[PDB]
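Could you put the whole structure together from the sequences, leaning on the hints where they help?
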Amino acid sequence: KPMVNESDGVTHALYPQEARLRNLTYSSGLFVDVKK
Amino acid sequence: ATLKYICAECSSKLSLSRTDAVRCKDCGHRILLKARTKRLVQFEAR
Amino acid sequence: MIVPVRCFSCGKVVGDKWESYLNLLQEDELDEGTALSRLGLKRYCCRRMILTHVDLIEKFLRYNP
Ligand SMILES: [Zn+2]
Ligand SMILES: [Zn+2]
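Chains as they are written, first to last, in the deposited numbering: chain B, 99 to 134; chain L, 25 to 70; chain J, 1 to 65.
Derived by calculation from the structure, the hints in this document are not laboratory data.
Check the hints yourself; a few may be wrong.
A few chain L residues that face chain J, going by a derived Cβ cut-off under 10 angstroms, partial list only [what the hints assert, rightly or not]: (1) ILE30; (2) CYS31; (3) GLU33; (4) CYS34; (5) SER35; (6) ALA69.
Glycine residues also receive a C-beta, built at the ideal position from the N, C-alpha and C atoms.
Here it is in structure tokens:
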């Protein structure tokens, strides 16, 4: 679900209302089991 | 006696100066408004 | 979006009648057509004013600080 990885802070569970005001991008993390 | 900024959610008169981060006393919510002017304003009542 | 004080058309006061009207509906279980006549709103210029208002202010209030 949406997250905001900003330096000087954790990673906030981002929300619409805020991404708009802050000019961020209401996106999220893409993870895949890379096997070697 | 006075104030300056505010927290969008946990509406709490806050404020500070340069390099004082841009967070709040509790709510991380890094938004912050800038509460009204003291110089009262007047209006045409029409 | 709050009841208009006075009707655009003739200017007859109507700011007060809001709450009264909302009752003549809910409580006194009447029909708009009559509730309006009850509040003394004669011609359509005054009628259309109340009958049509959309008290948005309420959804506004429901926000927070
Ligand atoms: Zn806060
Ligand atoms: Zn009228």
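Of the numbered hints stated earlier in the document, which are not met by this structure? Violated hint: only 6; rest satisfied.
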